[PDB]
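So the chains spell out like this:
There are 2 protein chains.
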Amino acid sequence: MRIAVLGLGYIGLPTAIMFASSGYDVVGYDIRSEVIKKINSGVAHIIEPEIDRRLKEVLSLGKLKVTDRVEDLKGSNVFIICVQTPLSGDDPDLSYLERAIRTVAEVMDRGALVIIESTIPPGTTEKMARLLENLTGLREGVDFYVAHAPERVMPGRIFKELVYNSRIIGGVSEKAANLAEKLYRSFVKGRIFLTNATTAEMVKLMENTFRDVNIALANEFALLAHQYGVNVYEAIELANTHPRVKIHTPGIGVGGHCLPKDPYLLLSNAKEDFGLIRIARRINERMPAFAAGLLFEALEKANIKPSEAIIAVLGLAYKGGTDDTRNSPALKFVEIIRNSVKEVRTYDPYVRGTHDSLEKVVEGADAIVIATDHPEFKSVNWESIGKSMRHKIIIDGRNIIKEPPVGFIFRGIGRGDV
Amino acid sequence: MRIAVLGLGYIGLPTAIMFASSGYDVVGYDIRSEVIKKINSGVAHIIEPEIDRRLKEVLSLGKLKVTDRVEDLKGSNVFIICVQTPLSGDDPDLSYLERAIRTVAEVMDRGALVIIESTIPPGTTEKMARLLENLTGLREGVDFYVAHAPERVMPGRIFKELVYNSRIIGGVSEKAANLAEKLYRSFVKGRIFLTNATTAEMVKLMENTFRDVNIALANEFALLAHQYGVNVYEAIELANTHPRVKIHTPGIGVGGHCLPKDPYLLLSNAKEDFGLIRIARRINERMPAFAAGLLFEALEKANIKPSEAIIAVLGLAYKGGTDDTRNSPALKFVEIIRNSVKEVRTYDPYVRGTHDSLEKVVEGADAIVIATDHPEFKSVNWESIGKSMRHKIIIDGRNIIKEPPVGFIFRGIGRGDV
Ligand SMILES: CC(=O)N[C@@H]1[C@@H](OP(=O)(O)OP(=O)(O)OC[C@H]2O[C@@H](n3ccc(=O)[nH]c3=O)[C@H](O)[C@@H]2O)O[C@H](C(=O)O)[C@@H](O)[C@@H]1O
Ligand SMILES: CC(=O)N[C@@H]1[C@@H](OP(=O)(O)OP(=O)(O)OC[C@H]2O[C@@H](n3ccc(=O)[nH]c3=O)[C@H](O)[C@@H]2O)O[C@H](C(=O)O)[C@@H](O)[C@@H]1O
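Protein chains in written order, with the working numbering: chain A, 1 to 418; chain B, 1001 to 1418.
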C-alpha cells in the first residue's frame, strides 16, 4: 500500500519514516525544495534522536522516497497531512492546511483515505472533507474517507512516543476511522481510540490547553513563593508526591510551536467562554517581563546604571536541548530589555548568538540571565565564570541554579528562599 | 510516649487511632462533650471504613482515651492539633486554632512537641510558635518544638492513605521536623519529606489549589463542549490517555470542607497575584447557576412555566457515597431555584431530603436534576421511572447519565452531544 505524507516538518518527517519502516511504501512531499534536497542526502534538516539512523534505513530499504512534485503523489492510497497551523494575527492560520487539501484533491482517486494530522479548531476536518467533495465530485464515506489523527509526540522523544503513546482518531465517517486505525496499528503499541472528527479535534486542543493552563498555575505559585519565602521548585517537587497532584514547571516563559497558540485555536470559534484559558495565556505571555523585573531589581541592588549595563542572555531556543527558537521566551526577553540597557549579548550552544561561547559572552558582563535550560548550563563553574564578569549577577528563569553561587547577587523566578 | 490529639474530626480521630495502635498512649481531646460521649462507647461519630473496628480496638486495649477535660492533657509529650480552619467571610478563620494553641500552652511541659495538622495560610505555624513562647516563657527549638504536618488523606480511604501516602513535615526548627518524623514513622510507610514550616504550609495549599483550578478548567471545557457538539466527559476520558494529561471532572459544583476555601487561604495574605487561582474559584462557584440555566432552558423547551414547575433534585451530599452536605453544590442549587419554581423536592439515600425514595420524589414531577453522583443513580431505569412523571426532563450535573434516556428532554453540564 502507498502512503503520501504532506509536510515534512519535525513531526511529518518522523511520521513518514515510521510508516516506511513499518511495511508501507511512502512518498514524503514538501513544497520546500530545499528540505527535499537535504533529506535525500540521508541527513534530516531537523534534530531529533534517531532520525538520521532511521531515515537512512528507509531510504536504503527503498521504502521511503521524498519529493517536491505533486505528480509523484498520484496513485497513493493514503494521504497524511502534517502541515503547520499557527495563528494569523488572532485567528487560526489554516492556509497551509487548505493548500495541502487542494494538492490532495489534484491527485486523489476513489477509495483514498485522507488523514489530517495537523492540530485544528473543532469542525475543521469536516470542512476540509466538504472541500474535497466539492473539488472532486466524490462523496466522503462512500468514494473516499477522511479522518483526523492528531499527534501526541514530544519533540526529543518522537520515535519512542510514536510507538508507545495511546492516540485518538476521529473519523468524518466511521469507516474512515476504522481504515486509519488499521494503518497506525502497524507500529502503534499504545491504545487507539476511535471517535468522531470534532471530538478528536477538541481532545487534542484540550490536551495542550491543560498543559498551558497548568504551567500558568505554576507561574502564579512562583509569584506567591516570592512573598512567602519559598523555593517554588522545591515546593512543587514536594507537592507532586501527593497521589493526585502533578503541578507543572514555572519559568521565564512558554515557547514552541504548540502551547502558545493551541489554546487560541480552542477558543477561536467559541461565542462564549469563562476566560480561564485566556488568563492562563496572559500569565505565561507575561513571564519574560517578570524576569525583566528581577533583572532591574538586581541591577539596582548592585548600584549599576541600566544605560551602561551589559547583559549576557544564556539560551535562545524555546527549551533545552533544541536549536529551535520558535516563540521562544528568550527572544521576547531580549526584545523587552534591548532598549533599556547598553548591550545585550546572547549565547546558545545550539543556536548562533552574538557570542560563540559561554566564557566569551560573560566576559566583562554585568549580569547573566538564564533563559533556556540547556544541559551545558547545568555543569557550569559559576565561581570561575564570575571572576571574568564586571559584576556577579545571575537571574535564573529556568531552574538551572539550585544552591546560589557564592558572592553572586542571585534572583530566580519563584525563588523566594534567597 | 503520651500523645494528645486536639480536635476529633474526620482527620483528628483517625489520627489518634493510628497512633494508639502504633505503640503510643493517646488522649483524644475535643470541646464537644457530645462527641466524646459517642466516641467512648458509640464508636465514631463519623462514618469511615474500618473506623469502628479500629476504634474499639484501641479503646479496649487502653491505648486510646478520649475526653473534654483539659486537665487530662497534662503529662503529654506530644500535642497534635487537627481543628478546623474554615473561612469567616473572606478571612481565614484561625480562632479554632488559636484556641487549641492556648489550651496546649496551659498544659504543656518543657521538651514538648507541638504539631499543627490543620490546613493554614503560610506563616501561621511560626506565628503560633511565637504565641506559645509568649504564653509559656519557653523558646521553640530549645525548650519545646513546633512543626506543621499537613494531611493528604481522602475521606473514604483515610486509614489506607494515612499509612501509604507520602507526606510533608515542616518544622519551625530543624529539630522539630526530625522529632516529628520519628513520631510519624511509627505508622507511615510512605515517604516523609522534611522542610521548613512555611514551605509545608504552602505545599499543602498548592495541592488543593491545583485540584480546584483544574476542576475550573474542566468546567470551561464543559462550556466549550456545548458549543462544539461534544460530550465533555468522553473527551476528558480520551484526553487523559495522553501520557502528560489528567484533566479533572466538571459538574454542578465543588463542595466539601477543603477545596471551597483552601485557595482563599493561599491568597489571603498575598499582596500580589496573577488572578488564575481567584477566577478559577469564581468559575466553580457559579456552576450551580450554570445547572439552573440548563433547567430553565429545558422547561422552556417543554413549554412549562417555571413558577408552576415541580423539580426533583436527586442528591444533597457534596459528593457521591457520603451523607456529608458541607458546602454542597446541591444545596446551593436548591437555594438558587427555590423562588423561581413552584416546588423543590429532594432525595438522597444518605441524607433525608423532602422525600424518602426516588420513586416518591419523581412522582408527578416536571424535571429531575441530578446533583450528586450517588451509586444508586448509576443503575436507575430512567425510562421506567419516567412513566410516573408529569414531564420527562432530566438535567445531569454529575455525568450520571451516559446515553440519554429515551423520550426525555435531556441536558447535562458539558453535554454538547445532545
Ligand atoms: C500535553 C502535552 O504534553 N503536549 C506536548 C506539546 O509538545 P511541545 O512541543 O509544545 O513541548 P513542551 O515540552 O510542552 O514545551 C513547550 C514549551 O513549554 C515550556 N514548558 C513545558 C513544561 C512545563 O512544565 N513548563 C514549561 O514552561 C517549555 O520550556 C517550552 O517552552 O505539544 C505537542 C504538539 O501539540 O505537537 C504534543 O504532542 C506534546 O505531547
Ligand atoms: C489534592 C487532593 O486530592 N486533595 C484532597 C481533598 O479531599 P476532599 O475532601 O476535598 O474531596 P475531593 O474528592 O477533592 O472532592 C471535593 C469536592 O470536589 C468535587 N470534585 C472533585 C474532583 C473533580 O475532579 N471534580 C470535582 O468536582 C467533589 O465532587 C467534591 O464536591 O482535600 C483533602 C484535605 O485538604 O483534607 C486532601 O487531603 C485530599 O487529598
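None of these hints come from the bench; they were simulated from the model. Check each hint, because a few of them may be wrong.
[Claimed, not checked] Straight-line Cα separation of at most 25 Å, DSS-like style, residue types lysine-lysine; simulated pairs:
1) B/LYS1402 <-> A/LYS160
2) A/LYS74 <-> A/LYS189
3) A/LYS301 <-> A/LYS271
4) B/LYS1246 <-> A/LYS246
5) B/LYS1037 <-> B/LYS1063
6) B/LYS1175 <-> B/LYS1056
7) B/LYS1175 <-> A/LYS189
8) A/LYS402 <-> B/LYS1063
[To be verified] Derived coverage of chain B by chain A (criterion: at least 3 residues anywhere in the stretch with Cβ under 8 Å from a Cβ of chain A; other residues may be distant):
9) 1097-1111
10) 1206-1220
11) 1341-1350
Heads up, the beta-carbon is just placed ideally off N, CA and C, and yes, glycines get one too.
Structure-based check of each hint:
The hinted pair formed by B/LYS1402 and A/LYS160 fails the criterion: a straight-line CA distance of about 35 Å is larger than 25 Å. Note on A/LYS74 and A/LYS189: the hinted pairing is violated, with a Cα-Cα distance of about 30 Å set against a maximum of 25 Å. This hinted pair does not check out: A/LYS301 and A/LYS271 have alpha carbons roughly 48 Å apart, beyond 25 Å. As the CA atoms of B/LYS1246 and A/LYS246 are separated by approximately 9 Å, the hinted pair is consistent with the 25 Å bound.
A distance of roughly 17 Å separates the Cα atoms of B/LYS1037 and B/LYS1063; the hinted pair therefore holds under the 25 Å criterion. Only pairs whose Cα atoms come within 25 Å are accepted, and B/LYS1175 paired with B/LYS1056 is rejected, the gap being roughly 35 Å. With a C-alpha separation of about 51 Å, the suggested pair B/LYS1175 and A/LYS189 falls outside the 25 Å cut-off, and the hint is violated. The hinted pair formed by A/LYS402 and B/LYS1063 fails the criterion: a straight-line CA distance of about 46 Å is larger than 25 Å.
With a threshold of 8 Å between beta carbons, the proposed coverage of the segment 1097-1111 of chain B by chain A is violated, since 0 of its residues qualify and at least three are required. For a cut-off of 8 Å, the count of residues in the segment 1206-1220 of chain B with a CB near a CB of chain A stands at 11, and the three-residue condition holds. Only when three residues or more bring their CB closer than 8 Å to a CB of chain A does the claim for the segment 1341-1350 of chain B stand; here the count is 0, and the claim is violated.
Hint compliance for this structure: hints 1, 2, 3, 6, 7, 8, 9 and 11 are not met, and every other hint is.
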